[PDB]
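Please arrange chains B, C, D, E and F on chain A, whose structure you already have, making use of the hints.
Residues per chain, in single letters:
Protein chains: 6
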Amino acid sequence: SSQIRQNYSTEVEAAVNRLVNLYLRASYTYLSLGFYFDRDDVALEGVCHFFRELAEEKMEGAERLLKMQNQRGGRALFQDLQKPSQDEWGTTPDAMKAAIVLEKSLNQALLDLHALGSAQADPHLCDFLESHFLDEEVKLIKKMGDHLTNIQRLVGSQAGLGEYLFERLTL
Amino acid sequence: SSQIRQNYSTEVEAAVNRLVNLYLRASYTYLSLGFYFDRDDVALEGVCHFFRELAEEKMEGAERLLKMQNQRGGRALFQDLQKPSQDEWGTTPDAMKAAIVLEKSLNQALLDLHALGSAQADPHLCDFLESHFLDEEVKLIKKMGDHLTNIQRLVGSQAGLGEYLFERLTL
Amino acid sequence: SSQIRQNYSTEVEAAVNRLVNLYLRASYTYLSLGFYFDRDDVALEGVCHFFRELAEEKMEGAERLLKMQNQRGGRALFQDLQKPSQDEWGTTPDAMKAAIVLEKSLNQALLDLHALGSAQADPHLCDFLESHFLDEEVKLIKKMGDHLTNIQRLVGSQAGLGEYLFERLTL
Amino acid sequence: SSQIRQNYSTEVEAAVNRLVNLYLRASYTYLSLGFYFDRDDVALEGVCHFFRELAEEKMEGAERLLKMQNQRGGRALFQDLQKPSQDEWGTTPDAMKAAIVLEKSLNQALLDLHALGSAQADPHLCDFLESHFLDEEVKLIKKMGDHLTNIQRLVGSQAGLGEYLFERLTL
Amino acid sequence: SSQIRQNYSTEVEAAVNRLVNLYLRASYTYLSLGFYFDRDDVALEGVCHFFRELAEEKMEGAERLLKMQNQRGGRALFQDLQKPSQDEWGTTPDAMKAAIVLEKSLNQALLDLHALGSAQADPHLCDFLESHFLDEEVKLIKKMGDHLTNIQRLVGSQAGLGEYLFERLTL
Amino acid sequence: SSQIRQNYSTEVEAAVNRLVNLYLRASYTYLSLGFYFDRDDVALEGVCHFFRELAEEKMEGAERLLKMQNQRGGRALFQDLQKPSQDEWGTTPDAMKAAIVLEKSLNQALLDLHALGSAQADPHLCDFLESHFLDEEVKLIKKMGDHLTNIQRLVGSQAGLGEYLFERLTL
Numbered sequence: 001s002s003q004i005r006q007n008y009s010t011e012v013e014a015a016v017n018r019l020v021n022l023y024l025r026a027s028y029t030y031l032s033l034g035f036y037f038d039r040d041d042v043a044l045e046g047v048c049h050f051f052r053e054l055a056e057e058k059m060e061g062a063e064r065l066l067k068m069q070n071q072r073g074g075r076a077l078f079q080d081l082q083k084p085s086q087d088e089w090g091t092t093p094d095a096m097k098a099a100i101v102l103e104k105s106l107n108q109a110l111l112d113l114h115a116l117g118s119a120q121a122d123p124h125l126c127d128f129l130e131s132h133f134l135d136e137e138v139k140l141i142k143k144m145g146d147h148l149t150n151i152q153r154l155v156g157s158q159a160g161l162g163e164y165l166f167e168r169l170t171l
Numbered sequence: 001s002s003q004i005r006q007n008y009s010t011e012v013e014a015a016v017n018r019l020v021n022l023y024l025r026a027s028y029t030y031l032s033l034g035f036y037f038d039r040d041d042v043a044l045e046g047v048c049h050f051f052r053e054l055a056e057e058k059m060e061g062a063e064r065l066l067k068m069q070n071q072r073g074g075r076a077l078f079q080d081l082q083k084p085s086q087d088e089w090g091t092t093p094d095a096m097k098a099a100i101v102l103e104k105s106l107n108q109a110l111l112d113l114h115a116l117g118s119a120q121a122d123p124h125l126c127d128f129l130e131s132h133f134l135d136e137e138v139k140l141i142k143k144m145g146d147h148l149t150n151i152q153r154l155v156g157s158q159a160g161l162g163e164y165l166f167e168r169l170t171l
Numbered sequence: 001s002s003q004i005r006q007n008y009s010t011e012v013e014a015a016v017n018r019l020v021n022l023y024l025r026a027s028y029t030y031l032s033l034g035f036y037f038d039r040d041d042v043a044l045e046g047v048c049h050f051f052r053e054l055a056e057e058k059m060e061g062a063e064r065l066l067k068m069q070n071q072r073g074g075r076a077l078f079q080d081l082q083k084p085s086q087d088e089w090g091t092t093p094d095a096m097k098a099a100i101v102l103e104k105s106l107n108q109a110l111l112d113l114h115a116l117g118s119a120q121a122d123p124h125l126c127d128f129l130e131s132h133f134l135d136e137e138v139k140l141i142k143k144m145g146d147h148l149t150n151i152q153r154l155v156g157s158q159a160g161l162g163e164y165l166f167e168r169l170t171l
Numbered sequence: 001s002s003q004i005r006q007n008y009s010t011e012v013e014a015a016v017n018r019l020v021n022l023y024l025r026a027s028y029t030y031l032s033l034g035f036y037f038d039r040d041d042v043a044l045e046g047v048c049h050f051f052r053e054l055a056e057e058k059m060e061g062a063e064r065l066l067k068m069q070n071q072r073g074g075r076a077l078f079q080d081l082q083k084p085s086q087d088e089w090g091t092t093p094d095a096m097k098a099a100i101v102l103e104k105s106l107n108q109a110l111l112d113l114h115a116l117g118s119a120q121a122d123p124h125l126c127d128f129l130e131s132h133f134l135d136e137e138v139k140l141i142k143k144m145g146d147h148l149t150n151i152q153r154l155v156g157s158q159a160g161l162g163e164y165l166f167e168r169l170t171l
Numbered sequence: 001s002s003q004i005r006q007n008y009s010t011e012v013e014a015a016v017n018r019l020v021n022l023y024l025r026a027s028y029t030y031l032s033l034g035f036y037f038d039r040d041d042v043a044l045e046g047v048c049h050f051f052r053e054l055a056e057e058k059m060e061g062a063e064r065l066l067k068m069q070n071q072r073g074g075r076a077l078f079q080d081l082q083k084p085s086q087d088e089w090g091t092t093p094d095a096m097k098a099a100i101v102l103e104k105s106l107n108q109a110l111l112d113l114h115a116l117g118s119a120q121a122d123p124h125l126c127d128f129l130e131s132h133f134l135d136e137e138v139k140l141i142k143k144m145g146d147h148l149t150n151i152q153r154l155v156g157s158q159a160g161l162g163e164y165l166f167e168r169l170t171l
Numbered sequence: 001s002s003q004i005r006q007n008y009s010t011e012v013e014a015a016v017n018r019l020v021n022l023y024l025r026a027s028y029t030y031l032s033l034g035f036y037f038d039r040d041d042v043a044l045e046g047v048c049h050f051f052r053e054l055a056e057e058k059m060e061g062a063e064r065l066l067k068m069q070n071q072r073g074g075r076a077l078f079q080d081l082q083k084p085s086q087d088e089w090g091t092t093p094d095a096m097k098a099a100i101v102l103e104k105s106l107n108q109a110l111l112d113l114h115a116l117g118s119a120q121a122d123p124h125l126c127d128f129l130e131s132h133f134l135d136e137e138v139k140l141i142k143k144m145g146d147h148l149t150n151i152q153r154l155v156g157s158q159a160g161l162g163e164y165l166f167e168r169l170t171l
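Sequence lines, in order, name chains A, B, C, D, E and F.
So in the entry's author numbering, spot 1 of the first sequence is number 1, and the numbers just go up one at a time.
So in the entry's author numbering, spot 126 of the second sequence is number 126, and the numbers just go up one at a time.
So in the entry's author numbering, spot 72 of the third sequence is number 72, and the numbers just go up one at a time.
So in the entry's author numbering, spot 88 of the fourth sequence is number 88, and the numbers just go up one at a time.
So in the entry's author numbering, spot 117 of the fifth sequence is number 117, and the numbers just go up one at a time.
So in the entry's author numbering, spot 134 of the sixth sequence is number 134, and the numbers just go up one at a time.
If we strip away everything but chain A, and leave its shape as in the complex, we get:
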């Protein structure tokens, strides 16, 4: 029995492990999305950079969750990482929609975990998630939504031209 563990439920410990898996898998998805936009027959460098930076941020989220698990006296447990949902990611709007779907699923897991900690009366967990995760998610999702609106407006006009202009002038 842990020499430091206090007010830390087995349910929260398990939930944090699942969330690590979800962050790792999102990182993997972004690695894939990034290298797809690096293909010579896709060739949108700004889009590649966008998603590769997101891969690093998700990996950072997982590491932060793992650090907290140990701080609280929980034990990190890792599961297999399922490969990303697609091998090819279509056009800029397809990939940005996919990204928002992924982020919304992360945000919901965060929200579920926050509801669990609140039901378990775990204020440290609730402060940890609010400080480092919940606002970062809101801000990123807003940014993605802004990007989708701009991409959609551009590719309604002329699809190839619009995609090029967005990568050049926004990304």
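None of these hints come from the bench; they were simulated from the model.
Even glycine gets a Cβ: it sits at the ideal position worked out from N, Cα and C.
Hints are not guaranteed to be accurate.
Said to hold, decoys possible - The calculated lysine-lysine pairs, modelled on BS3-like cross-linking and capped at a C-alpha distance of 25 Å, are:
no. : chain 1 : residue 1 : chain 2 : residue 2
1   : C       : 142       : B       : 67
2   : C       : 67        : E       : 104
3   : E       : 67        : B       : 142
4   : F       : 142       : F       : 104
To be verified - Reference listing, derived: stretches of chain D covered by chain E, where coverage requires no fewer than 3 residues with Cβ under 8 Å from a Cβ of chain E:
no. : stretch
5   : 40 to 54
6   : 149 to 161
Quick look at chains B, C, D, E and F alone, frame taken from chain A:
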């Protein structure tokens, strides 16, 4: 059919994809090894740092392989990542032995791939692997072997004392 | 008989002379491509600069080959330089396709020479080509393929507008 | 018909194209002269450097002519480049004599072109040639003549010693 | 049995030990050549410095080979060092010829070792030799050949004068 | 007969040549001792560095002796270098004892040579040895004796632990 692909076999393309998977899985193993040494009941910060730095280096290897795949006109394909072989990693000597086993398996995949490129008369592949991978592996494995010899010499004497001294004065 | 020559075949010496000719002729082609984009009725300065820089790089390749020929004790022999294949180079996509064709032909001569040195057991030649030529070619061809994909996407939409935008925002 | 072309004869346009060819071929000759003095059995580094620098200057002359052709609304047209007149260039005095012969032939083509522009009442051409070409030629030829006199004086005495001393102390 | 050794043949291990001996003996030869040119009745300081610097470079080669032997898990084994082939080294041309003979013998041992590693499918060895040894040898031998040609040209004229001039103005 | 030689006996000249051989052989011994401590199964980096630095110092001693031989008008003569007395050097205390034995043998050769110069009334030799060799030896031997006492005290307690601590905290 790729506008840039030249002298790049389907066998090498497939082999490079498998090697990416192997590097990603090694990264995952090192993340696990690192956070285990971060546990309040293990508490060897130098050892944690050692393995967490290795996680970053393996992730860097995977990214470099993916970049080359695209440079050559191959298509990156990702598979599921199997979880690390253990959930708990025992003592410093156990973990360092595990690390050498893992690295030796990476080095053999690199050697196999180099033999394949040589049989396919792919000099770019052979130069790529020699420049960025084969010497890094030799140097890392030597470093690990040096570490194991020092840890074994220390924990033969007095196991807890020896483990502490190694983490403090070498790592 | 040369006071320094060792392990350097007459076949490799001849092949290196042919490759110098091929590099010189590529330089000439790029000079032509560059000044065509400088015409008042073509007027794409970024495209001119792209090809004029490539003319300098190919001339650098020839000089490096000549320096090695002398280092090894071979004798540089020069042949007539055939003029470039066209007098006028059409549109940006036409010129970029022509460039990829030229580079792919250079890369194949490099690959052939590397196979010859390997059959002659000439490791210095094989290291020389890998270090200074084979990776530069792979990277340049990837860059060109990226450019073609972007130009094609732009000129599918609206050809003049697309060509202008590419020269302004990528080149 | 060119939107910018004014007072620019078809005869001058053709003459400028021939002169580009002559400058390119002189550059080629100097590349050859330079790498000959780089041979392990010739080994006069100052002489190599002399001629390799001249190769760059002649290439610069060709580029300047091509730029002016486009400025005036003429169309650059390239022809085959004949290889240099020799494969081996003998002694320092032989090579310096060859250089003066080549430069005198360039200067005469410049003089002929200036006489053509003057007969065509093309003052821009006449100013262009005077500013960038005619005085550079006079100064270079004087320099070469100075060098020949010094080399001849030295190799009259003792030929190998004299050649070494000139390369060391003048070049 | 070595905890790190992988893909490293007993034949290569033995060959590397022989090459260390060959590098050490070359260092010894250059020490001798250097101090001979330091004699009050020889007195060519530039020549002394030339060979003493080469003694240091050969010692560096031996150390680099020994470091790699240990990196790979081989065991360094040292043999007696035979004294240099001469006690007195004649004139500058005699000593430079002797140096080229020695270097050509080193280069052939390197080439033989590279052929052995290639037959043993040891790509690390092959990359190690190419990176640090084979090009250094080619460049040094070219330099020596250049020096011999210059010395021979000078001492054909007037032997003492020529030897002095070479030491003063080249070395 | 030497234009500079004065008060320099054939006996001293011969003795200085023998001492050069002894210094060279000590250098060789230290190279061996150094690379043994570099082995992955020995792995004491401080000890390696200690002996490799001593190899350089002994090589410096030999060079200084050779320089003086020439200053005095003597002729350097080199003999075969016998390999070091062991291929493997045991533990830190074994190697430090071996080092003291070697240094004591060098110091005795220096003392013998000083007694010879004094019997030959060669004050320059006697001052040369006192200034650059005799005090360096006394200081090095004291340092080694200090090291042995510390190593012996440590490995009396717990041998592996003690050896590690000495390499970490003294070397």
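Hint-by-hint comparison with the structure:
1. Proposed proximity of residue 142/C and residue 67/B is supported: the alpha carbons are some 11 Å apart, at most 25 Å.
2. With a C-alpha separation of about 20 Å, the suggested pair residue 67/C and residue 104/E falls inside the 25 Å cut-off, and the hint holds.
3. About 11 Å separates the Cα atoms of residue 67/E and residue 142/B, which keeps this hinted pair within 25 Å; it holds.
4. The straight-line distance between the Cα atoms of residue 142/F and residue 104/F is roughly 11 Å, inside the 25 Å bound, and the hint therefore holds.
5. Counting residues of the stretch 40 to 54 of chain D whose C-beta sits closer than 8 Å to any C-beta of chain E gives 5, which meets the bar of three, so the coverage hint holds.
6. With a threshold of 8 Å between beta carbons, the proposed coverage of the stretch 149 to 161 of chain D by chain E holds, since 4 of its residues qualify and at least three are required.
Checked against the numbered hints listed earlier, the structure breaks none of them; every hint is satisfied.
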